[PDB]
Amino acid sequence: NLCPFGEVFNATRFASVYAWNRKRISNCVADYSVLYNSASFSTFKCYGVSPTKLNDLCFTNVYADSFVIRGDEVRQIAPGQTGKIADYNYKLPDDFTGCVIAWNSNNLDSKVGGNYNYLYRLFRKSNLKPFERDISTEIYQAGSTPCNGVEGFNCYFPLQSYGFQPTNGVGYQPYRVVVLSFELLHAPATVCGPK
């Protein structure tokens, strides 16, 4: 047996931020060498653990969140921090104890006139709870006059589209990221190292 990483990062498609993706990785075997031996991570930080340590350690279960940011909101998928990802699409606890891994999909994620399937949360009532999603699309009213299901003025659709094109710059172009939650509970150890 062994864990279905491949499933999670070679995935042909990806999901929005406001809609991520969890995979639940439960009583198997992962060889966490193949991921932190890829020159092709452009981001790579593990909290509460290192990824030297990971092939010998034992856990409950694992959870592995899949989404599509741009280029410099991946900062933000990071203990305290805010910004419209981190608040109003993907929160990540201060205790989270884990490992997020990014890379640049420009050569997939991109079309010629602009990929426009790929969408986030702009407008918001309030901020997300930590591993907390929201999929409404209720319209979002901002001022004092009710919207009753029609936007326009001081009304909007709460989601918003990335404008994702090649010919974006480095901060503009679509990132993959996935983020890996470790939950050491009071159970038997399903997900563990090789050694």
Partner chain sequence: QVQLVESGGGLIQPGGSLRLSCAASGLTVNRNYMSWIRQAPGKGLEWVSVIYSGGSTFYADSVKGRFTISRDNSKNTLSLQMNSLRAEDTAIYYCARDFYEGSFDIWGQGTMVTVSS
Given for the second form:
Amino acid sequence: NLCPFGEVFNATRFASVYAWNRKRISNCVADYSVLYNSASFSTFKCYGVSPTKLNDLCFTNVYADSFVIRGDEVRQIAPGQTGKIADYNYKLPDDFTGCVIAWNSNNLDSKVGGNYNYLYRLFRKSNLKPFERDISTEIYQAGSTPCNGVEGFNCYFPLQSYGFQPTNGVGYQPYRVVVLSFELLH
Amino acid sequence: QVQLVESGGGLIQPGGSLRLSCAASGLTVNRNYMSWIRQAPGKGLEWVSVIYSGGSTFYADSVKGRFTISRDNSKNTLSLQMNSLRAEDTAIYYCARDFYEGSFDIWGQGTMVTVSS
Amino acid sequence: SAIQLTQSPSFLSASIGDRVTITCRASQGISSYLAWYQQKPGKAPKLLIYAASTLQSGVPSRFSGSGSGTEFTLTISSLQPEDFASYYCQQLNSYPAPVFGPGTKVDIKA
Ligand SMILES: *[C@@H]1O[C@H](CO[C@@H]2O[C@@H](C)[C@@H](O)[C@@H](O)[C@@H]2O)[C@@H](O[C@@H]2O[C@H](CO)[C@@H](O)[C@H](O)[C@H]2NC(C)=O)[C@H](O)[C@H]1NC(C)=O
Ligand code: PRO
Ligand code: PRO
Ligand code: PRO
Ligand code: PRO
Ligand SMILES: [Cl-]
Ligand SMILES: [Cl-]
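Starting from the form solved without its partner chain shown above, please give the structure in the form solved in complex with its partner chain.
Then the entire complex follows, led off by the chain already shown.
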């Protein structure tokens, strides 16, 4: 049997980066050379492994994480990076072993009056641990006085929308990202 | 009630160092995006540095490797360590809180940094 | 390949009651990611508008913003004596660093 990579890359809709989707992949023969040779990928960067020398490699579990971010934020999906996304949405460990794949999806994830479907976390007290995932929606308290569920001054909703308009610069355009974390052995 | 108060500016020779402090009230520094923004006499606004609530810090290229931002959770304070100062660093320095993607709703009165010739 | 902001006009002088409009242009589409600030000389900037068209609390209603994408305007429907200042736009959610407009100075003559 074949690994369900079509369900990952060719999926109709991706998740928001703060609620990034993880799908485990095991008990399947996988064709990787087709992925690297595909010119339909703006970004295909592997860490700890040669991309070509991949079909001849066995790993226990392969986790595929997919979400949507801005073009300018793709550089944060990498080991040892800081920023809104890496700190508060999706963190990769310094010792990450795997590949990061991205492609422009302006034709899919942008609507004329803006696409407010995709969100990201703007406020969080502390950084995410590697592969941690936070989907809470509690009002972020920026001052001493508590918020008690009422937004306002010093009382900010933590999630913000991208509003992908098709006229945005590429750096503000939606890119779909797929992160393949491998479980390598001896 | 809410305010930021800069301090520590002065007159310094080139290559000298200076350290600025921003005392907050009505607002918690380590829970906010806190940035330093400067304005050269007669010129425009130039963002300098920011520190995230999570602790990440970022700098403008013109100050990278010479300026260091920090905070004091104990005294609810923001600091800017300015080293190897140059004439183009002469400016009024403001600390401000970002509440939405760069929107600085709260500012301090500033503090004046002058780098003599 | 970074985004740059231009602000026009650079300087303008008007009279009390005048309707003043200031333009900010982005070199690439940035949706509604913009803020407007007023800076009187010797004072700290004051936030007027954020997200292109959201009026800051306490800011008089005669100030308003509009535009989305590349063209943004600030509008003072009826200029007041205290309204003389420079005015800055700012690219919000900007990478790698926040960008400020070059500023628009507003004077007041007879
Ligand atoms: C992701 O999909 C592309 C394209 O899918 C094709 O179009 C869809 C609407 C649907 O009808 C699919 O069944 C089609 O295959 C895949 O690229 C195709 O690959 C096949 C062989 O594997 C080839 O015959 C087609 O010509 C290719 N189509 C294009 C447009 O190049 C791609 O393999 C899929 N990716 C994964 C990981 O499954
Ligand atoms: O994991 C998720 O939530 C994505 C969103 C669309 C369907 N699957
Ligand atoms: O940075 C690395 O380790 C290599 C080179 C770019 C893609 N991965
Ligand atoms: O940075 C960008 O805008 C896209 C995504 C990574 C490569 N090019
Ligand atoms: O305390 C407050 O909420 C207002 C906001 C601007 C300054 N003071
Ligand atoms: Cl690449
Ligand atoms: Cl530094």
